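Presented below, as structure tokens, is a lone chain in the form deposited in one PDB entry.
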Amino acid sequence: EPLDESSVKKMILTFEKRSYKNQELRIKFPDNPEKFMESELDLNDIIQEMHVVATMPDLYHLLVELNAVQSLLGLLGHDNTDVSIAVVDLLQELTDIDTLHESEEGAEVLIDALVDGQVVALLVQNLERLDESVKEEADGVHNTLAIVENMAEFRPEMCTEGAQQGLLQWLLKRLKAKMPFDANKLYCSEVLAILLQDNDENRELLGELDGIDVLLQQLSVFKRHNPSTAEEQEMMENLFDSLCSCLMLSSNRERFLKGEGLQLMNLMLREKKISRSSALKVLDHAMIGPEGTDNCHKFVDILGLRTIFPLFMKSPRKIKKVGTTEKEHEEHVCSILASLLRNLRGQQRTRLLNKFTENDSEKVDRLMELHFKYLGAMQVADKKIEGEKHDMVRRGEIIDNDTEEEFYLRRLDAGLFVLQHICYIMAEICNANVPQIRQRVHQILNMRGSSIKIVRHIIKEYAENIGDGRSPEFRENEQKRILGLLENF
């Protein structure tokens, strides 16, 4: 049973004295013959006892102010890895626990100490030192990643400093490594993902290291045939999540292209199991917005229109065990088109438009089948929200920002994003000067019920939020464009 108030103070003092004793025995007998280690074994056992400090109702403030933390890092830079491994292992169990809202006060103080101590850089050096997949050595790398999962997860803002430290560079090394592929390699890609998850610096950085090439090659192997294990799948799927996150950064767009990025995602689509679902999520990303413009053309030049529209006309599977389903697939296809439409110009733009005047514009037919599907949902979803708003008056609950988020998620759940893109697409086709499509769009909207103005309201919403947020100059410049379509339509 643990119930100690500053008993841990004794624990620290003991740790510090023990470490102190080792340093001077490290100086006394250093030359190649060895008497020191016995000294080492006594001190690491003290760290192991200290391990249980995390379990204690965390008054971590002790650890930092009293310099436990600082000392612990030089341990990370010690000659025998055993004491490094002990420190990392120790360091995992003090960060897994912290997540509990309790002692946010030591966590904040403990976490702060670690980032100022440049924990990742030291950790990375240690990682560098570990080499040979000694089962302890292997476990040590794992626990090193663990730290970063838990640190990252706790204070995410901390990520960028870590990337600079060369963690990213080390991660990319491990993934390229030709060694067979068990859990440690997996866990890299969980961390890689996390590293990039919402962070544009780490995307600038990954890209600057030929890292998109890495990702593509690591995905390339699974191009014709699925993951042998459902553990390796979870990794492939991590490799995507990281590749997509990189695409969101504009400069990776070029680098995606130089790598035969489209060729691959295309191939994965043509050979339709099982990484199909995800490759369509990359494609969409690689074309979205202006920076996508080269890729939008590149896509068409490689018969990307043969690949995509079939998926536009009919979606599967109802249902696959690994879940992509429904609106998820549609949103991806429809976003892909909305990109092509807004971006394409010249010869490839004309090919796109034919595809909309084909089999008597069967694809306009489709678009409208989709339109009404999603509209009905959005309508019904909006009614619910209208009620809750009234209900919120009577209660006297006040609609604030966090109520409006809750409300947003319901509209997205109803396929608001795909509804916008299929209005946008609808509208982009009607300003092409092909009377066929414009007539049909309309012919269908009278038949029945729906106003063309119901659609305009949906564009005006897509447009307001629009690019959120690129430069206002680009925000207000694009928003002009989009509303321009609305006149001729």
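Positions refer to the first chain, counted from 1. Between two forms, the rigid core is the largest collection of C-alphas that superpose within 1.5 Å. First, how it differs from the form deposited in another entry.
Just one of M313, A183, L257, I385 moves its Cα by 2 Å or more between these two forms on a rigid core overlay, and this residue is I385. The two forms, fitted on the rigid core, differ between these two forms by less than 2 Å at the CA of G323.
Once the cores line up, the CA of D98 ends up 2 angstroms or more apart between these two forms. Once both forms are fitted on their rigid core, the CA atom of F407 lies 2 Å or more apart between these two forms.
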Given for the second form:
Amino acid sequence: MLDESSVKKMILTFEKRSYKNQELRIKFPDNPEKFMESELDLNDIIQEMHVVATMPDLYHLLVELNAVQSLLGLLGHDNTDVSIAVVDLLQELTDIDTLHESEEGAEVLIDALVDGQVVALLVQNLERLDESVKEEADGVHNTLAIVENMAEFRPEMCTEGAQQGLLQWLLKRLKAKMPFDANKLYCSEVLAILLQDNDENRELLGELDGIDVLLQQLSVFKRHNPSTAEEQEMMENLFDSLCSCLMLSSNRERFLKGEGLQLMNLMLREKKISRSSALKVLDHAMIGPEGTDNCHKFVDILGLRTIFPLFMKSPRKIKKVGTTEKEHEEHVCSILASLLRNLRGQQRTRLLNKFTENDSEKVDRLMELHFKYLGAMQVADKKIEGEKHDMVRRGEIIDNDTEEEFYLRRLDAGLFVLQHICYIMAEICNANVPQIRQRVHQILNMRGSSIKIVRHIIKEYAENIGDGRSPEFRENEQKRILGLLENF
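Let me have the form deposited in another entry next, following on from the form deposited in one PDB entry.
Only a single chain is listed, so you will not see partners or other molecules.
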């Protein structure tokens, strides 16, 4: 080990050499010979400095002695070897394992770096590196390691970082006509983090024509499978990114114009590995009111003929793919629920037609699913009553923390899909089609379930609905939904 004073010296040496080199570079610009040694030193000491990351306790030392500010000046150094060695150091310094060791050290340095506008300085650095040169491609990888490290410790900076030119770089890097590459995979991972719960970055993606990018890149896997598990993990990151963007009502319009629906559709038809995610996207593209135009387009392009088969039978591939029956059933019903919510006109009619062909077979299915999930809910709830009874025996007050455990168990049992199924039933029964009401009541009353149980599930659904959006919205939906009970 080394000591505070043995560290202060090492830094003061850096500053020494940093300064020296800057001067000689400015004073002897034509002649590598006069400054080169100065450089090799800066390089060596910059490297030696890595050891500082071992003791994150002494991080005020790097800010105090002005080491952090010059170190950024270095990212712009006219030779890549210095610039990349800086990045190396920034990666080691900023490694999350390290940043958790001492709060103070972490806290002070991040502030220095934000102050520095590091993300814009790293991006200027990226714009000059050439991935054809191996040591520079590793530089891209390492700068990307940093933003990840920094976002893991402090998410709020991602907004600033993205705007600071990063998002644009990523988009151009994913587009670029270059063979698939570990840096490409990493770009994909880093992009999706930038968007995680971040409307500001999701919109900025929109404005940059991000969606087109995601759709060309995703369209590589429409008919053919991806070669490798790395290249398959990228695809999945692209989808992740894509769904995240669709969380914002403004991107639904951009998706549509990008012929996004057609792609996800084509994916479903070709039944490749993309199919599970493509179904998820469709779901995100249609979910609430901001789904409306997309719903209508879905039908226009024949989405109905693609989705209902998947409503009737859940895919064989389930043991191999990773998406479970439950998940798959969750999305389809989600999608139908959005279709029933938002469709009007010809398209609505065509949808309702699917419930009448042939002897209302889809109604039977719907009700098959009703019982499946209802049943699971009843066990889940019974178990919960039991546990509450056992808490009282044992003297344990139930609290919100308990309630949250309980909620999660219901979520795992199929609460959401159950809610959707019942919404669908109710909407179906309010299309003034006697055939369809009959089948529901027929089916419902003879067996062990009842209108009463369904009505109840709807109310709960209404009550907790629109958790997402605005106080006036939550009022309006709740109203509309509860209106479906009048003729049911």
